[PDB]
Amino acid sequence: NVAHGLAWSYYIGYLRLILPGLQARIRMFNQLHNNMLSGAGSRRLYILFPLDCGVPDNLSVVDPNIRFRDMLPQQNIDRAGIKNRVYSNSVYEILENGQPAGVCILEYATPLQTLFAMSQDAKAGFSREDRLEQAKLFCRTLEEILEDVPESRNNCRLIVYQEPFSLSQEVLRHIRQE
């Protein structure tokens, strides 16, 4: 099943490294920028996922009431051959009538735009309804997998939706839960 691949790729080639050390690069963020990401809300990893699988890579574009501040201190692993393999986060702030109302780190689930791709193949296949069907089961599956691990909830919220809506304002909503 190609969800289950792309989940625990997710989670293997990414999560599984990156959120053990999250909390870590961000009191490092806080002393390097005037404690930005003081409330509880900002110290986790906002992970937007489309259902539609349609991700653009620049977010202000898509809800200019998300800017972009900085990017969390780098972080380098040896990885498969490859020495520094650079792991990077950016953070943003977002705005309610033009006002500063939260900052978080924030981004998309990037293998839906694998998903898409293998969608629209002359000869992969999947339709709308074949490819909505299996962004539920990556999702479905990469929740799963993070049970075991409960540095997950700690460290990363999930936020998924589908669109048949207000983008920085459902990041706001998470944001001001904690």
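Numbering follows the first chain given and starts at 1. Note that the rigid core is defined as the largest set of C-alphas that superpose within 1.5 Å between two forms. First, how it differs from the form deposited in another entry.
- Aligning the rigid core between these two forms and inspecting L59, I145, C139, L132, the C-alpha positions shift by 2 Å or more at one residue, which is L59.
- After superposing the rigid core, the Cα of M28 is displaced by less than 2 Å between these two forms.
- Taking the rigid core as fixed, one finds a CA shift for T110 smaller than 2 Å between these two forms.
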Second form
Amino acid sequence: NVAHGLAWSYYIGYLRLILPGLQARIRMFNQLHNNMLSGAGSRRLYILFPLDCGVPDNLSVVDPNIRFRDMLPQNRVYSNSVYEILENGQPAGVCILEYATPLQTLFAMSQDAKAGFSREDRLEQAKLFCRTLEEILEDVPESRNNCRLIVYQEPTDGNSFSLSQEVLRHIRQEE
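Can you return the structure of this protein in the form deposited in another entry rather than the form deposited in one PDB entry?
Just the single chain follows, nothing else.
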């Protein structure tokens, strides 16, 4: 049970800090960029949660149907990215996406020597990380309204899963 620690640290050390002042930075972004961040439910931080823990080494979104646009503006600095989402080769939405990056730590633990093992143990920990985070956010409702958790599991083969569809799905059911 380190998913506990990971979630508390990711809340206390990051989410706790950025969520309160997200609307103001979003305001500044939309003043700067002529209201590019737009569409209902688009004024929120979408935190990607791949249970497979497939966060890229660079921690950024890398997907051919997801194109980076610009950053949110800014006592320290935050690196929140705004992407346009493609659907059938057309811009279908715009949103702020980022990976819940401590999932990377879980993938790393699954590669360790022989001890740090089991894809199954990692999956379970990721779920645990997720629900723990959700349980934390439940108690800070005003700030919880500033983000949404997109939980899924990317398969390791086949072509069925689409991260961009997954996001569009989540946005289109803002209920």
